[PDB]
Structures are given as C-alpha cells and as structure tokens.
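Asks: Build the full structure now, drawing on both the sequences and the hints.
Listed below are the residues making up each chain.
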Amino acid sequence: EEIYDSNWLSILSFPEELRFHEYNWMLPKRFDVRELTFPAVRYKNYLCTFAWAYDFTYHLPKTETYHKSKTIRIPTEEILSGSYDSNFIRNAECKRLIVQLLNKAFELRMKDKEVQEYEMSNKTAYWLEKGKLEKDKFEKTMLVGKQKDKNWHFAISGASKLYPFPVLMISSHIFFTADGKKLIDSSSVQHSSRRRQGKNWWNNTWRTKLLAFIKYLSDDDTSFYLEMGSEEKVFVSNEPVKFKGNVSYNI
Amino acid sequence: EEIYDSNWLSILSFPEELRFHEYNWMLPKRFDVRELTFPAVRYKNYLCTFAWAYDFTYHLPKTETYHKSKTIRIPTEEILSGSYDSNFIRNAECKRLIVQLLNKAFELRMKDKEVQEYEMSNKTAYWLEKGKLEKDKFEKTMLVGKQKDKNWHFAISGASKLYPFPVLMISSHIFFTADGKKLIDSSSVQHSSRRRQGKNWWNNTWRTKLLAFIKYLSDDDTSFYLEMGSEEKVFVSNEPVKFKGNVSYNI
Amino acid sequence: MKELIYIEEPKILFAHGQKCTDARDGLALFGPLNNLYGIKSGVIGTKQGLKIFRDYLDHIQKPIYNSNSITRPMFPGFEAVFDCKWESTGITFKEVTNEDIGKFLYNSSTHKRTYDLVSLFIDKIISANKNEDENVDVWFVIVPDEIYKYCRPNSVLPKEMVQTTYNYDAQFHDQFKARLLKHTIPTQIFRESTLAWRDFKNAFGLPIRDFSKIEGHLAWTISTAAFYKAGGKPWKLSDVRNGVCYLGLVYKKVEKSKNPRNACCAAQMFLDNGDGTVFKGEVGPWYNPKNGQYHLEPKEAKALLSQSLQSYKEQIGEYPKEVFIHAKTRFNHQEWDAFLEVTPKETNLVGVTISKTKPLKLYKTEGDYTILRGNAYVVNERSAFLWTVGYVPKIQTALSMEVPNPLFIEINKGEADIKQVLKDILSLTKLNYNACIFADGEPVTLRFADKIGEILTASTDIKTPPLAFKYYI
Amino acid sequence: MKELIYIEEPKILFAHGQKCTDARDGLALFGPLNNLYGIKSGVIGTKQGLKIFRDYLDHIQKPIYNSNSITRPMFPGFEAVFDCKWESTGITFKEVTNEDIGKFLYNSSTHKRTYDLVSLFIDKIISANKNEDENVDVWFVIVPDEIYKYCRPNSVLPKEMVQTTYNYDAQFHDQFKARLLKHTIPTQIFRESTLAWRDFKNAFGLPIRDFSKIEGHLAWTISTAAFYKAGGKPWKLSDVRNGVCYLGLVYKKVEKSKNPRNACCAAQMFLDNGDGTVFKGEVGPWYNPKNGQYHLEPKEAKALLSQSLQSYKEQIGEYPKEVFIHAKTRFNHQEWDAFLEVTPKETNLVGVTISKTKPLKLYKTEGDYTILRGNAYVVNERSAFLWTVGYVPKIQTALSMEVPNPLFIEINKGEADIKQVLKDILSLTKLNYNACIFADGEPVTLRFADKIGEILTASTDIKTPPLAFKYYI
RNA sequence: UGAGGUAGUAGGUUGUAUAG
DNA sequence: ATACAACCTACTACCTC
RNA sequence: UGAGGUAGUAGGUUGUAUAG
DNA sequence: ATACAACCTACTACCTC
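Protein chains in written order, with PDB author numbering: chain G, 168 to 418; chain E, 168 to 418; chain H, 1 to 164, 199 to 507; chain F, 1 to 164, 199 to 507.
Check each hint, because a few of them may be wrong.
With a straight-line cut-off of 20 angstroms between C-alpha atoms, the simulated EDC-like cross-links for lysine to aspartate or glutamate are [to be verified]: (1) F/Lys216 x H/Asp495; (2) H/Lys270 x F/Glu380; (3) G/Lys299 x G/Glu274; (4) H/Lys497 x F/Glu8; (5) F/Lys453 x F/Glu8; (6) H/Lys267 x F/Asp123; (7) E/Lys280 x E/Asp388.
A few chain F positions that, by computed beta-carbon distances, are all more than 12 angstroms from chain E [stated by the list, open to error]: (8) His111; (9) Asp306; (10) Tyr353; (11) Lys395; (12) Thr404; (13) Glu436.
Quick partial rundown of chain H residues pointing at chain F, CB under 8 angstroms, derived from the structure [what the hints assert, rightly or not]: (14) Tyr37; (15) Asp133; (16) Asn135; (17) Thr218; (18) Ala264; (19) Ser272; (20) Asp273; (21) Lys287; (22) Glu380; (23) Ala502.
These are computed hints drawn from the structure, not numbers from a lab.
Where a beta carbon is used, it is the ideal one built from N, C-alpha and C, also for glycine.
Replies: Rendered as structure tokens:
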C-alpha cells in the first residue's frame, strides 16, 4: 500500500446559492466584469455571481436601486449533483459558469497576496519575488534560488474543474529573472533555463515545492479561501487529494 | 583436318550470253511465260532468257518474223563478276533475273525426270514414287521406305543463289503417303510423321540420302544440266561444295 | 483517499513461443519470430557519408556495451540478436557528389530546395530499383548535417552563403517518404551526426550529439528499425482476444490546399487465423473540410469503417465480434451513428478517447522517483487515468524524466469494460517497431496513424498508399 | 575446298575469379559471383498447386541425378551450387480457390477470360507486395494445365464445358508479366506439369511430359532462373573489350492497335568500371508505322542510340570507343545515317545482321554426328557463317537434334573486323541467364530483346518500363 | 510459359517488270 | 494487282536438354 | 528524421452570453 | 467580434533512452 500526493486541491465548500442578479439597464453594456471586485459573468441580462446584490456598488453606482427579488439564485448542490437543468440555464453551461467564477476568484486571490505574475501562451503563473519570503524559503523547502546570473523562482498556475470532483488543479513552473525583480523577455532563454533547472528536479524537489507554495497560500491550518463576495467564500483545501495504490517498489 | 559435305551444288558453267529478245507485239501480254518450254522472264518489252530466239515458236507462232539483231545479249561473265550495269538493266536486278531462270529450269528439269511433286507453304519439293526406283534404293542408300501404314519418301527442294558462288542450295525433306502414290492431305499429320521419322535420322542418314538423290538426278559422272534452250545448258555439279576444317573430334 | 488499481504488465511473444515484458531482453535472448536469411542494404549518399555508414555498421556488428547495463541492456550485435546476416559487404552504393548536393542546397526558397534535394535522392533510388539487377531490402539514405539545418520549415538560410515545388512539404523526411510510396521502397534516413558522431564537435570540443553513454540503445533502435524494414517480425502480442479489431484514428493538417482539410488516417490491428498478429495501416485518407472540425462526415466515416471491417473479413472470414476505435479526439454523435450504420448486429463498436491534456500528477510521498507504470485511477465505469509512462523495475528507472502525465482514457461512445480497455491500451503501448524500447507512452495505433498522416500530408499526388508500416516507419 | 576457321570457345568468369566454358560445371564447382543470403519465395496458386511446388522445391533441395552425367551434369542441389538459402519454409502463400479459377476460365471469349485470369493473380500479388510486411524476392506463380489449354491464342474451348479486355494479348504469360512492370515484381510462371509431372498421366499411363531422364537439367534451369530473379550474379563474361558497347535490336508486331506498329526493343551490354559486366534492357520502345517496314525512322533511331550512349556514359564516364549494333534485320541507309549523326567522332559504329535463313548445312564425311560448334566459314571480310549450334565435346553431343543451320553474320554497315565480330557473337551466346545451358544458338542480346518485345506488345498502357531483365525473364 | 533445338504451316514487305 | 527474288514476323507441332 | 520523454511558444475550433 | 471554458493541431527547444 502506497499513498500518492496529487496536484488537485479539493474544494471543501461552496456558497449555498449561485445568484443571477437582473442588473439589466443598471449594468452598462460597455463595461467589463473583470474590473468588478468579486467574480461575475454576464449571462443574458443576468449577472452570474456568488456575491451579494450590492457588492458591486462601488463600480456600479447605478445598481443602488436593484430589487433583490429579481434574483434567480440556484441551490449549487443541485448544480454539482446535476439536478438543475432548464430553459433558463443548462447543467452543462451552469457548471462552466462556476468554473469561470472559481478561476477568476483564484486570479484575484493571487493578486491579493502580492505574488508576481508571468503570462504564458494561454495561462498565467504566479511566482514569488526575491526577498518576499524570509531568505526565500517557506516551510523547510526553498522556493527561490540562484543559477549562474539568473534568479530562479517557483511558480504555480491554477485551474478549477468539476468533472472528477470539484477540484483545483495546479501546474508547476520554473521562472527566471535577470535581477530578481524583472523578467527575462526572451522566450527561448526562459525555456532553456527552465529545462536546465528542471534537469535535476526529481519527485521530492517538485512535490515539496508545490506543497510549500500551497501552504504559503494557506490562510489557516486546513485550507484557504477564494472571496466570492462580501459574505461568501469558497474554501479550497491546502492538502491535495491523496491516492492510495496497492502496489509499490523500492530502490 | 576434316572435310565437310555441304548441300550446295556448284554451277560449273553458264551460257555465254544472257539474251533479251525484243518480242514486243509478237508476245501477247495476256500470256504467262511459265508455259514456255524454256525458262524466260518478261522484262520491259524484252523476254530475258538464255535460249535461242526461235525456241518459243511452238507456243508463239507470231514470233516467226522476229529479227535476231534486236537482241541485247549480255556477256554473263560480266554479270556474275559485276561489270555489267547500265540504265537498261542493273547488276542487282540482272543477277536476280538469272536466279529466276535457274530456278524455273530446275523445276522444269525435275518435271522432266518424272518425280512426284508436293507443294509446301512457299517452296515445292520433289519426292520419288513407290516403285519408281529398283526396290526404292538408289546407290546403296534407301530413298523410300515404310513406317507403320505410311510410305515415307525423301524429297529435295532447289534454290539457285549467286552471292557466295553461283550455287544451287538443296533442302532435304521427308514426305508421307497413305498408299505410296497419293499424298496425305493433313498438314498436321505430315508434320508429325516427319518429326517421328527424323527423330532417328542422324548425319549419315541425311547426307547419304541427299547425295543419292543428287546422283539420281545426275546425267553423267560429274554433273547434270538444266536446259536453258535448244542449244544452251547450265551444268550443275552433282558433287556438292566441300569445306575443309582444321579442327575435328572423335567419339 | 481514492483507490488506484494496477494493470498487470502485458507480455509479448517471441521465437519458440516465449514470453517477456521487455522487447530488448526478449530479442537479445530469444530472437525474432521469423527467419530473414539476410538484409541486403542499399546506401545512397556522399562518398564521405558512405564511410560513416560502413564504420557504424561494422561497429554494430560487434557486441556493444553502454554505461549502465541494468538500466539499458547492452547490445549483443546484430547477427546474434536477429539471427540475420546484415553485413557491410554487399551494400549497393549510390554516390551523391558534394557539388550536386551543394548546388540545390544553397537556395533562398526552402520549398524548391527541399523538392530538389528529395528528387536528387529518390531519382537515384528509383533508377537503382528499376534498372539494376541488385536486390536491396532497405535503402539507407545518409544526409549531411548542414542539409538538416537548411531543409526544413522555418530554417533561415544565412545571407553570406546564398547562391541561388510549393505543393509539397518543406520538410525533407516527410516528402522523401511520401514520394517513394508508389515504388514501395523501405528507406531509413540517417543524419551524419546520428551515425558516427565523434567527428562532429562543438566549440568546447565535446561531440554535440554526445552518445558516449548510450551507444547500446542507439544501436538497439537502429537495428530493430532495420530488421522491421527488411520484412522481419521482431515480436508479437500474446494477450489479444479473438474476434477483436482495434483501429486507431489521427487527424492532421494539410497546408498545401486552402483550408487545412484535416486528413484522417487510421491504423488497424487485430488477430489472424491461428495465432498471427495483424498490424498495418488502414489508409484511405478521408479529408475533412472546415478549419478545425476534426470529425468525420457520415460518408467518410462509413467508408473508413466499411474498409476496416472488409479488411478484417478478407483475412479471418467473419466480421469482428468487437471493435475498439481509438482517437486523440472525442467522437460526436454524427460520426458514431455513421459508424454504427455500417457495423453489423453482432459486432460491438466502442469509441475510446485518449489524451494527455488532463493536469493530473501523482507525486509519491517520499523518494526521488515517480509513480509505477500501469497504475490506473478508474474515475468511473466510463473514464479512467492510466500511467503508461512511469516506473518499471526492469528498466531500473522511470520511462519519463520529470513527473509524467497520465493518459486520460474515456469511453466516449459504446459501452465497453473500463478495465478491459485499460488492459488493451497498455498492451498496445508495447508494439512500437520503430523504437526498441520497453514500452511506449501512447498506444501504437495512435502513434503509427500519426506517422502515416505526417507522411501523406506532404505529397498531394498520392493514390492508393501501401498499408504496410515499413514504407512509412 | 573452302577454308573453314574455328573461333576458340569463349570463357565466362565465376566466383574467386575462375574461368570455365560450361555454365553448369562452373556453377556446380565454383559458385556464383555474388552472395545472396537467401531467397524469400512467394507462391500464388491453388492449394493443390502449392503442394506440388513444395514437393518440387524439396526435391531440388537434394542433389539430383540424370540419366547420363557425361552429357548432362547432375544437379548438386540449390544450396550447394548457389550458396544461397532457398527453403520450402518461409514461402508466402496466396491461395487461389478452384471456384474462382474456374469461374473465369469457363468463358467463350479468350481475351476476356485471359484478362480476368491475369487479374486474379496480379491483384493478389500486388496486394501482398503493398499491404503486407513479408518480404519476397520472387513470386512463383503456379497455374493449372487446363488453364494452359484455354488461356492462349487459337485455343478452341470445348462446347460441352462453356459456362459464360481486347486491348491486351490473349496469352497468359505475356500479359501477366506486362501488367506487373509498374510494381517491379520478379515472377516465375510454372505449369502444374512442369512441376511434379508423375501425377499427370496420358491414356497409355506414362506421364505426358515424361522427364524421367532429364530431372537434372530441369532443376538446373529452374534454379538458375530463380537465382537470377532474386538478384544474383550467376556468371559474367571475361573476354569483353574495354570501351565497347554492343546493343541488340529486335522488332515485334502489335495487333492491339491498327497497323502492327512494329515495336522495336533493344538490349544493351557493355563493360563497367573495374571488371563488372553490365547487361540490361535498353527499352524506350520506338514504334514503327507501316505493316512491314522493320526499319527505324531518323527520329526514333536518334532517340535509341542517344539513350544507349547516355546510359553508357552515365556508368563509365566517357562515350564508348566502339559500338556493335546487332539485329535480325538488315539496316538501311536512313537509320544508319541517323545513328551516325548522334554518334560522336571517336566512337566507331558497326551494324551487324544476324540471321538463320541461309540454307547452308555441312554434313561431315563419316560418323553419325554433326559439325563442331564454333566453326566459321568467312565468306569475305564483311560476311561469314558461324556455327553457334553444333558439337562441343564437353556436353558429349551436339546442341541440336538434326543437322543445324549456321548463323549468317554480315557486317551490313560500318567497317569492323569479321573475326572479331564472330569472336564477340560467340561470347554473347553464353550469357543466357534464363537457361542454364552450355551456350545459346543466338546471341543473347537478340534473344532478350525479343523477350522484352514479346512482353511489352501485350500491354498498351506501359510507361517507362524497367531495364532489368529479371522483370521480363 | 523450366528450357533449348528442329520442322511444317500461315501471312507479309521491299525491289523491279508488264498490265488496270 | 499479277509474276518473281531476297527479306520479314506470328503460330503450331514434335523432340530434346 | 536512430529514438522516446518533458517544456515553452504560436495558432485554432466548438459551445454559450451580450453587442455590430 | 468580444469575454470565457473545454478541446484541437503545428512548431521549436532541451533531455533523455
């Protein structure tokens, strides 16, 4: 019997209701929902979010006269189980909405903790600045180190999924800086440096760094939270999903 | 040193002159020169022959008033050597005329000696009748024999040529009869019988039969003659051309 | 804590009816299935390049030792492994003069230079095949290394050395093997650095392609490819169920014609009467319009499946009892209805999707080693993860370098049994005849279908391509 | 009494650089020139016919003895003679069902039945070549004997057994080998009586093709053809002068198109750099209008000779110093001027006419045996008779049955030396790779040109035919 | 067509020559 | 288009290596 | 392309949703 | 045509068997 540590963080809890607020005219069309403080997706004339009705007042002063009874809040447990499906919203496209909300919440939460950001081809990764940590070692495993003239940093990227479980998959990456603060602009240089650094990163060099970064993102001893709204929080476990294999081996 | 017997009979002599008689109107056009007693070829308005001017009187009563001075007789030695060539006649087509004359003379001479005739695809062959010879054996070699119900006969075909020498090439054949007088009409049957009979005819079975047939055609101890005309005769040696090889072998 | 099952390592069959997990160890001790009396090799290239091939073939004549025999078994020599005479004497040489190979190389246009370079070799190969009495099993084509620098897409030619067809691929290998398909000539392309490399040195002085530790496996793969191309059976599967055709589909882009046209190529594997294993291409390439469809229309799906079923019947006599279609891409309902229309009542059709995209990685609790290969997390009766790339003790390490990504196997269509599907894909990952490795990270139907597609998207003027793999791999 | 010279028997070369007059004795003791590790044989035909081929190949595996070893040397077995493994195990079998072979046979039309019969075999051969991993050197095609009765011109089908394309020859063999030329597949056609014949019996009970005395030479010729078709060098000439190309032309009729079109085919032989002997076809078939012309127009003569000279230069580097064109037919001035226009100043062009029509027969004075082979009566510096068919002591008899006809060799064009011309034609009469005999009665250039013409007048749709002889003979 | 050899059929062309 | 001589191929039959 | 593996780029499609 | 999620191929770079 062998226990394996995955890169999937369990999503411990969800807000009781997924809300669709009928902002309509109160929401100007020529406005991006990304500048909203809390995650939200413009679906039809509804704003789909886990937040409260008046959490977007600062960005939307015209929503001060919104009526709460126009919300079509949904019992998220039905969404995840699959019970909810109708003409207004489909279970396939209602679970995709929550994934977008969770992804945007993860991005905003990473922005909140002041971790430097590097854009990839498709995703975005969050690395740590030289000097942000105490000597750049969280827990007992170093996250930021040196390699010739390049300061290397450990970065992670998050992506919420609901198919096997409600989980958050994290991908690990290595990034490089010329001075420890500014990122090298050459994609080829970064790729070559990442390959060189990963040449000698074995199982426990990746696993420990991933778990250390996750524990850094933690807010208590059991999980961290993504801020759905002023009152709603999604709790993502800082302990990744563990798998138990019935066969193992030794050196 | 080994001596070989060929199938070529040397042409010992020719008439002194190849004549072209200007028969013209005296020769009706709607008349074939094959019924003439002596060989002749209609070349232009001339009749090419080795014969005398009035040798064709019986078949051509209208030639009784022919003038001998109209003949353009040619010194045959010049023809064979190659000296003679002009607009009237070409050396290539003047030697072909003599070959035709010699071939027709051979056919007529074979007709004269009363030898039975069998037509092939292209040539004609002269075989001997059952009972024509004394017990059907000329010299000491049999020419006509039996094989099952088929009386087999030895036949020869002649063809005059002038290229290597003035010679007469003779080809040997085996023919079959149902009763000894009439010829089997099936080509396949004759071919199969000829193959069966020749299966066991080796060198001396062919050579001796060929020489015996030639000696039968002989008129004296050294040659025979083809009748060019009432006074002109072509003498063909009955002894074939012999070749001497400097290498031999033994059993 | 989620349960994680483990599929037993499939066993492949060798000579004398023997079994072994490792292809290299099975060949080294038990030998290949069939008897090839000898491999008559044709070598085309520069006279300088002929010397390299002769020296390397003499090298592989003798047993070869690598750095760590436990991790990578040593090479016992060609004639000892494949009991086949592949000598350096009796090779048919076609010289390529350096002047000729340089005249077309120094060209601004990559497409024209690639076409001319391919023609320079294939014309000599075709002339040798047709108008010569020598018999050759495989035509080993040696190319220089500056050619490899300046004969493929996105190869910027240096300006100082510029001296001086667009309906073909700008890549040498794909066009080369595409234009020889009419003549059915098995060929193997060798870079001058892939062969004797110690001459090729960088600025530091070490060889750029330094294989000082890995001569044994290099020779293993080279010899296995040479044996397969000459008409040999290296090994075969032993766990194939009766009446089961497999088929695997891969889609490729074609830039030659407007719209990528999404050519679809299939590779068919099944069992033959007796015990023989049939594994060939199923190539009728069915081109798909639209820029990113990657799905087959009903007509082309019907044509593909009818061709596969007819090919199975023509060799066994009755239709397959169960078919397991593989694909990198998910099947939609239209093409599956098209497939089922052709499929008879008895045959069971299963559509399986195989992908590496899912971001799952199991890091073991302790130890600088990755997970065992063959572990499977069955998500549900229709979906699972399977670690085709992982640790196996016999190779002494894991097949990957970093933490590997598992294969996501989904029964997109049909019913199937998930454990049986994972049992067959793991078996399929063994029969990689192009590479003499322990096992492949992807099922062989998908990989060889991808190779077929890569070669046939290079030539527009192909017609009735051969179904034997030796003309592509 | 006319003088009669004798050309010395030419010597052919064998392995280890050995010489011998007899091809059979040279192969039996010294072996062939090159090393073929093995012959992988494909056998297509009825399952009943497969048994016959297997039994016959097992027969020729062991040494074979004939009636009189002095006249016809015994066969020492395939592997002992050609040091090549040609076993009965490892043959790739393609069954032809009796129902299929009968369905098309029982047809009124000879052309359609011949086309369908040829297709029934060639489709299987092509499919096996393309879509199968097995490697085959020669495809041995076995046909029944009723087929041989009812598959060729002027074969009247019996009325009681009638049950049921015209652009092709009504003969099975010529069309069969014509339609396989695109794929370059060496094939050997075997009648079921040519193979094990003791089963086939006539009314008397004796075998119709009774070979009780001649098993040895039958096996000799079969094995030599099989070795040549697989890519082997049985023997080579040793008296070929440097810088001498030969070429031989033969004209054939084509009934498919209106007017026989008098296709002309050539076979080119010369010496290669070093000591190798080059002997292949020179096939660009140049069709001749008019019903009985048998002469080449200036354009086609120029094309033929330019192709031959270019083929010589492409292998040696410089043009031939002397060319000896052979032909059954006399050359006229037009085509010879056309030939000389292409010919450079250095090259000497000679046009030789070879015919059997001249009615000369030398009967020796005493003894039931014919003249020695090699005797020549030089008529003059431009014409001679040469006895290619005659007595030679080593074979213990004469090559003919009745008194043979000598070859009439005439230097129709050019200058040449008559004794040298007779010395080369006698040498050419040796290299008959289709027949393992002491010597041929006709120069091999003419005979193989005739075979090429016979095969290529069967298919109208041919294009760039192969120049290797193994695809025709 | 495993081969080579020797027949016998069948047709053809060229070159002339005279006639339709 | 008929006759000839001197040159041509395609096909069937038997015999032999 | 002797091979397999792992990255990082680049582009694309489908499904929705609101706008031109 | 813009945003997203969940699915797709083509290409270059390094490392390793």
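Asks: Going through the numbered hints above, which ones does this structure break? Give me the numbers in ascending order.
Replies: Numbers 2, 4, 6, 11, 12, 13, 19, 20, 21 and 22 - these are the hints that the structure violates, sorted from lowest upward.
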